[PDB]
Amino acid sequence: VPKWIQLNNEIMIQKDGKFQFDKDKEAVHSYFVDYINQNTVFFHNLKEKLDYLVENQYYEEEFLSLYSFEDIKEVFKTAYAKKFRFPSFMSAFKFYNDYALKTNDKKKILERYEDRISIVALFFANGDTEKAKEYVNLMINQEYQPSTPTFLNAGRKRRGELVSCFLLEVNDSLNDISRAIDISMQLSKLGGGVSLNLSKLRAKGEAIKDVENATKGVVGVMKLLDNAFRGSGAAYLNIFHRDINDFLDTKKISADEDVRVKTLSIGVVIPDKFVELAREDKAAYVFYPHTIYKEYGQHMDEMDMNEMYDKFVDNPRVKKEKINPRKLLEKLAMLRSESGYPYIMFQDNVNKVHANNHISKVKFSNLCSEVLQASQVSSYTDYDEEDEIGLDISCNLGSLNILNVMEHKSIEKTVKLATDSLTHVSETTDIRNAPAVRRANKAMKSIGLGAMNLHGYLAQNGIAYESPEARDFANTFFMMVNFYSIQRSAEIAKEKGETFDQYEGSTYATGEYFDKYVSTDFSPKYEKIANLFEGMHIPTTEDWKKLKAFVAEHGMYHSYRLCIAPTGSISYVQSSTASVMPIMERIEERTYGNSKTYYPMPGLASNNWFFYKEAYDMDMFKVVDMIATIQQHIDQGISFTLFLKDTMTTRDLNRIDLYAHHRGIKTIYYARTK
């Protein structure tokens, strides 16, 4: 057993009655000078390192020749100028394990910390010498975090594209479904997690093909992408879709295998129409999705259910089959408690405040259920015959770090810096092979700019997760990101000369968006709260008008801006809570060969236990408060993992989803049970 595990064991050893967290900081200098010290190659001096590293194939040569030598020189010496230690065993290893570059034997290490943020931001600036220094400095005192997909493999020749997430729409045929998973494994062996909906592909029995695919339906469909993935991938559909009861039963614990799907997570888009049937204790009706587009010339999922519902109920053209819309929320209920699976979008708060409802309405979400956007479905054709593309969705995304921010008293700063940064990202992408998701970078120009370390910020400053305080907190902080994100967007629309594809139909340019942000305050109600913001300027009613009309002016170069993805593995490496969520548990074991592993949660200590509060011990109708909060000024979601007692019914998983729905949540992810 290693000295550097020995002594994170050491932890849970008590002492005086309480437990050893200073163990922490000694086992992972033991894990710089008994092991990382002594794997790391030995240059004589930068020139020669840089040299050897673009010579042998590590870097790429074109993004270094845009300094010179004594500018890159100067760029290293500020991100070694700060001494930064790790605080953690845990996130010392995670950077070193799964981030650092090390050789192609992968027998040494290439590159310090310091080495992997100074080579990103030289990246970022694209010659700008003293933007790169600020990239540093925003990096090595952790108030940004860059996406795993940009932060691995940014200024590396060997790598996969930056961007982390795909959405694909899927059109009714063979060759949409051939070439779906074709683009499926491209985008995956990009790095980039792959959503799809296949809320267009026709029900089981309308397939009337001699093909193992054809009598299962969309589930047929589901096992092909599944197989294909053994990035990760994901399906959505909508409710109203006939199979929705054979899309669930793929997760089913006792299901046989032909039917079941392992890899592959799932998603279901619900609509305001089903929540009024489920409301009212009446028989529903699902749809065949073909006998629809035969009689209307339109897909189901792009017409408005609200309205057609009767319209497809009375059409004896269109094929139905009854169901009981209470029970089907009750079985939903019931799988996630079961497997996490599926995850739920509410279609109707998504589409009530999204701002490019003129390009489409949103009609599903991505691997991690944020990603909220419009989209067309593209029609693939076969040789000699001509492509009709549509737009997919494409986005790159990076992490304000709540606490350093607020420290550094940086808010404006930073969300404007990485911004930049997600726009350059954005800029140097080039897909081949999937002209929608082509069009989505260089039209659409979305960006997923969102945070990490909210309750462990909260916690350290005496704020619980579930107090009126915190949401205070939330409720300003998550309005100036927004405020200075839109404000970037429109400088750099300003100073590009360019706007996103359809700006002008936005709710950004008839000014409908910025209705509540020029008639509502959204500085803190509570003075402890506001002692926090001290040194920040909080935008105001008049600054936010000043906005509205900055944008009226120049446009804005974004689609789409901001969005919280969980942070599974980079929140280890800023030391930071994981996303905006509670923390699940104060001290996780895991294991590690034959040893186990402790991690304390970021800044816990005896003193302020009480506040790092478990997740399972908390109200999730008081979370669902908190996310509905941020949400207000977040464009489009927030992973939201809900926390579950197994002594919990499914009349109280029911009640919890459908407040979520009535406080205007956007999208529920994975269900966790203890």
Second form
2 protein chains.
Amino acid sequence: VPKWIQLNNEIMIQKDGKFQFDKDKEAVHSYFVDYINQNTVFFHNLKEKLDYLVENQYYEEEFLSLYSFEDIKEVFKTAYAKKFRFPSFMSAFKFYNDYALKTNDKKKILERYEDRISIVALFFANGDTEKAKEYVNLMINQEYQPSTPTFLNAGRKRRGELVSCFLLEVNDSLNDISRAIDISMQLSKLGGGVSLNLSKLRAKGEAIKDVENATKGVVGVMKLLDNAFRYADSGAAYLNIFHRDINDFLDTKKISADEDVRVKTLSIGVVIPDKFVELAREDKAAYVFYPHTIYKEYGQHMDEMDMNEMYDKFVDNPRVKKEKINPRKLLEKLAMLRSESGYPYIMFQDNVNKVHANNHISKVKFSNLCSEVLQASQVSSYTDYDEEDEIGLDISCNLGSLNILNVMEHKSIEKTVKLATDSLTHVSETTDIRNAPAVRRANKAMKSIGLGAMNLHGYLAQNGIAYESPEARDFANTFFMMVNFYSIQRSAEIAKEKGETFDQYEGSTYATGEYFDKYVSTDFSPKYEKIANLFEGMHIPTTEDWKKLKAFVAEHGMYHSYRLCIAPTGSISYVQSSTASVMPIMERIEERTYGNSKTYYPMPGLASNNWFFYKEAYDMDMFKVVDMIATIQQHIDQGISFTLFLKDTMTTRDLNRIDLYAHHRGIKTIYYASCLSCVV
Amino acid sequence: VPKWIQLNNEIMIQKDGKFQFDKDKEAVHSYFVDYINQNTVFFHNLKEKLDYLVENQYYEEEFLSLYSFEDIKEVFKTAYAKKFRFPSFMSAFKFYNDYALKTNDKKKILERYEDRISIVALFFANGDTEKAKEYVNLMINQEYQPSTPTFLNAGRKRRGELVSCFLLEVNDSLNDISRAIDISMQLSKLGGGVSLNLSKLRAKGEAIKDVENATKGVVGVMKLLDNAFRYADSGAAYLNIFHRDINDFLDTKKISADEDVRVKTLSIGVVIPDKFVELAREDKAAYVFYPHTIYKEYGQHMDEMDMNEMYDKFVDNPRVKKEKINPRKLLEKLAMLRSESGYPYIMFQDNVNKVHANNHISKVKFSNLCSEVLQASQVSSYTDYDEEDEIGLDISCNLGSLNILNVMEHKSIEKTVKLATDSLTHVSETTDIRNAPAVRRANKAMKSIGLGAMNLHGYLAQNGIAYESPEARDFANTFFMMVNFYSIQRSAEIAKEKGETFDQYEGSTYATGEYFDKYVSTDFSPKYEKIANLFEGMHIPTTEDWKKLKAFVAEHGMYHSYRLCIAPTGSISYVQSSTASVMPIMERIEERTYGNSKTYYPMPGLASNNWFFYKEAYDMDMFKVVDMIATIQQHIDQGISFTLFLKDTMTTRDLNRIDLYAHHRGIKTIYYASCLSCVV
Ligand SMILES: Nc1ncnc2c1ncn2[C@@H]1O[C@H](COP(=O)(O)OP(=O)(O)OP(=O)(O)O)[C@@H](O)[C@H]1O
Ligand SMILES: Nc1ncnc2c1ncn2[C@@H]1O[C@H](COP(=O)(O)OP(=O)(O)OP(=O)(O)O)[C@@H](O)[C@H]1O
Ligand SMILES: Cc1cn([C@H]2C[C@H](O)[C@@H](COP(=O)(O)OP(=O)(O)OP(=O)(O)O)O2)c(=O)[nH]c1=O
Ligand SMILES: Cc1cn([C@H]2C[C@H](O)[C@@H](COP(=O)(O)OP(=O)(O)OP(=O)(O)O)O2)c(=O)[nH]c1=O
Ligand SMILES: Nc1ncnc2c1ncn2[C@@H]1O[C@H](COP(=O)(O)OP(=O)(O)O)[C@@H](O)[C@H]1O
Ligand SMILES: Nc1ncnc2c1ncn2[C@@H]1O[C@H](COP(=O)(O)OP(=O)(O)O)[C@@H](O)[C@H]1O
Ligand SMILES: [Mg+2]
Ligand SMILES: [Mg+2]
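Condition change, the form solved without adenosine-5'-triphosphate (ATP) to the form solved in complex with adenosine-5'-triphosphate (ATP):
Up next: the whole complex, starting with the chain shown before.
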């Protein structure tokens, strides 16, 4: 058993009662000098390294060719100038086991951390050598982390798609179902996670033409999708809670389910308008609807109408077919299923669209895997083979997360947010998906990105602030207001520079101006002195700066229809020495076994004299955690991946009280603690 | 219990030992006077009937509008002039329960047998009132029976496709698999039976791009197809026996199969070149091949190359990957599976293509459900969404069967064959399938039809000839030679009249002339005096008439790439008072229960003094039955649906001896005794 593993397990052998947290600095030193350093191919020079990597199909050629090799050498030297040392064993382990380029035979390391960062920065900068240096520092300071699809692939031959997160609308016809099956498979062969809105399909037992009682309904299309995802080497289906098939749709995921209905590779999510929550609160018997009878009567997809305005009219219209259900028992059933499987992802639709900027394009109708992406969409119609299709707007999103601790310690909220936006914008412009025409069309027209944040708990706990305190909410209120400020500002700058906006920008609340109402009348500077000191050295936007930005946006518009969303962070959390996303930590010390050995990872920064501040999530009050997320969500234009952390000692009514409280506080999406393609 | 059922069961109460065969004439009289006649809507006049049926969406309007109502009345009167009486209870039962148009609420009969026949004849004739009368007599004399898709639908609103039999090629890409899934579903929603050739898909464990060992293989695509056929309200997959996946492909249909592999709605068929039979005879270890390694090496689909010429070259080529198998044990496994499920359909490919007329278009590579359709085909390539597709040639076939007994007693081999061809040609020209571009293209280009025959055993047994005798083979040799003669003659006539041929006709053996070699040098007039007397009154073509037809075809060409094939006959066998297809009968008297009552159907014509001639199939020598089919097959340009009738007392080696003997005699396809869409 290796020496680095030796020192690693010595953390758990207590000294003066204390753990041996410093042993892990030894373990990662041992892991390099006695292993990594000896399986890293080392070349006589960089040109020899790069020439080898281009000539052997490891790297791509075009992006490097945009630079003079004297400039490529300066960029690499910038990365190595940091003298970056991993502070823990598992952080270095996760980079070399999951991200570092290895040889085709997988026996030696071709990339150090500085090499992958230099290649990504050379790709983002697209010829601008100084910008590449700017990107190298931002990544080697660990201020920004592009998503794993982007961070892993950039500059590689045999490179997978930089974007791996997709959402699809499906129209109510056999042509459209067949095309969604193929798009699902085409995106999935590229490694994408695909989420499909099934709310427009007609329900079980609806007419086809004049044959009554002929439709298989939503579950039939889930069976076909489940199979498509099996064949092509993970997907999701969303359903509106007022769809008649909602119960059958949920039942496909009971672990006890029969195999006549069992769907096994599909996540599910449920979309809940306000009208449902009112009906469940009132314990009033509610109706769910056969969507095609609504279509034949109103000429519109039920999915495209406002259920808060239309519910009573649908109930009274005799040509609309409906079914009675118990809303409380359905709500309880959602709590049960989430205990089984984490999902169904719950989306509070009116909490999304109350503050949505682009309802003019459409209401937000569904979300992606782990449910942080919230964008407008319009269904296509794929017509008969001899006829022209009508291409709508699907959704794809390009993700990255800034690292809150290093952004605060570098006092670089503005510079990081603007640079990371530039990088996400470059990934969006170099994407061309084939065989998914509405994804391709929406990416050019909407130009949407998703910048997030990680290390919230880590940063708070290392500055003596409990995750559940009002001080923590006061830090989050200001920090994410500032992120949003410079994000909007950089998007308007790019709009002025390029002279374009996203298509139909002028219909958005950014153009009509009401997006800015709370920012020009309410101050978001800290209410607590100790929190305000954290921001010393950085200007905090006032209502006057917001007024001038409102005016700026009014003149130049905006390049991006959406900018911010907080995805989960996977393995890369280790590499960044960062607590996952904006969630509280789950364990103070993780014990995981790898190859007949046990490894220990204490939370980034865990010391004996801050132990109290790394409070484990399952011991926290979820009603206070909801308060924190609702605070961040004010300043995030899309969504926040939000897992509740619950003891099995929770009654089904305690669970629904959390649900109702989340809804009350304006939370957009929620589930309980397969998303791999849609995580940073 | 009704009176017709009363008299019906009295057949089985013996008199002087004899059965009471005449009771069934009473039973069908009782069934009319005491039931059918009282649930038939009767109108004051025909115009009142027709106007009702057009105004209430029962009938279509366009085809009737091509006639003056004075002519529609003459055609109907022609049908009723026959005074057609069903000779048995079950024959009338099957027409009114399965074919006669009932009201939308299914409570009364809108069509007598004379009405359905008049409507079909008005449709076939397409305005030619005299031709409609010709069609009415041919159908009411029960000389010709169009297939159930055609006979049931013609002239109806909400009418299904007249053709319901389709065969598809599938190319080796995800694009093509997705398109085959959609075509399968589009054809299947129209009621079609769909057969797909899977021999071009690469095998389990082949490369995708440069990822080695990445393919799911043929079984993965069967799982998706199985699901497509489930969703859309029966299909078949064919595989060449030299495909590496052959064993896994067969195993999906073991009744004991695991549900990780179980395919439940798909028939299967196996395509066997001569080289395999030689290898199994020699008990020599044989190889099966990974098709993509052959493609990467030879630039051609293994499916498109001649395995008899290429086998040894494939084995020696080191860049071709193969696997060893035991051919005898594989042959035995085919016998086992056919005992379980009737299928896999076996196709002896070189027996098909030795005599195929259009190898210039392609070799025949596979067949349909119940395996009588044998036509050339060329695979499409459905490319990326933004790119043009390359449309090949799929197959669809329009079926009908003449009724041998009534054709002989009317001495009308020529008139029936030529008229039935006209009708099948009209169904082909009025088909336009959407969402299946290679089916649509091949139907216009190939103009293929499939005219068959029924009542072979019935006719033989009623003329004192045993199905297994050399006299019976001598009658079949002549009768089907004459069918083929007038079929080719009428196709050449239509070619002269229209001035067209099927596309690329001049490459066929009809054009180069060698199709006719045996007919200009061998005489097919009867060798037995008693058989020759059966043909008295009809001219039997001589080698001189064949020489003049050869010359005729040479000048005018041919309209149809294929003309003859003998499908099974389903329920319509009852309506025609006919033994099924060209098969021997299975039971002298069928006992079936319907609605708490037992019904008896003696074979059409079964009398006590011909009992010996209605020998039951399971008591016959299958080696003699093979001899009969091989005799008919000489004069049929496509195939003959051929079920072996076997006792469970057959060793697995007895079964393979039949297989080898069928192959020896030139049989094209065979299986053991779901085809509903591809039966007359
Ligand atoms: N395998 C490798 N071998 C050598 N340098 C590498 C390799 N991988 C990355 N580099 C980086 O390339 C940069 C330039 O490397 P190189 O060895 O060519 O120059 P040097 O000898 O250090 O300095 P100079 O180019 O001024 O002589 C350095 O920052 C080095 O860390
Ligand atoms: N429901 C029906 N009522 C009447 N005739 C029908 C009906 N269905 C079919 N027919 C057929 O329509 C044909 C013409 O029928 P119709 O009753 O109009 O004429 P008719 O009185 O028998 O003779 P004519 O037209 O010379 O007076 C007949 O052959 C009849 O069998
Ligand atoms: C063909 C078919 C469709 N469907 C579903 C798919 C769609 O959600 C829905 C409608 O299919 P469509 O393909 O739109 O049918 P249609 O256009 O012929 O008829 P209509 O005018 O009523 O739309 O029915 C089935 O459930 N089973 C089937 O076999
Ligand atoms: C994408 C994909 C294809 N396949 C099968 C379908 C086809 O039979 C075969 C090839 O798929 P293709 O779609 O043709 O793949 P490709 O063109 O990218 O690669 P190549 O040049 O090697 O053709 O692989 C799978 O088995 N699983 C998959 O996930
Ligand atoms: N924690 C670490 N993170 C990254 N690289 C490391 C780490 N520890 C050791 N290495 C690598 O191993 C080399 C040998 O380590 P060492 O000689 O102890 O440090 P230094 O070179 O700073 O004196 C370092 O130069 C470095 O490239
Ligand atoms: N075997 C049968 N096949 C068809 N129709 C029949 C049959 N038996 C009776 N019918 C119908 O019932 C009617 C009443 O029968 P019946 O009066 O016995 O015969 P007919 O009218 O020839 O004297 C017939 O006109 C005929 O339309
Ligand atoms: Mg439709
Ligand atoms: Mg390919």
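Positions refer to the first chain, counted from 1. Note that the rigid core is defined as the largest set of C-alphas that superpose within 1.5 Å between two forms.
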I want to make sure I read this right: if the two forms are fitted on their rigid core, which of 206, 491, 412, 71 has a C-alpha displacement of 2 angstroms or more between these two forms?
206
With both forms fitted on the core, give yes or no for whether the Cα of residue 535 moves by 2 angstroms or more between these two forms.
no
Rigid-core frame, C-alpha of residue 217, shift of 2 angstroms or more between these two forms:
yes
Aligning on the rigid core, do we see the C-alpha of residue 317 shift 2 angstroms or more between these two forms?
yes
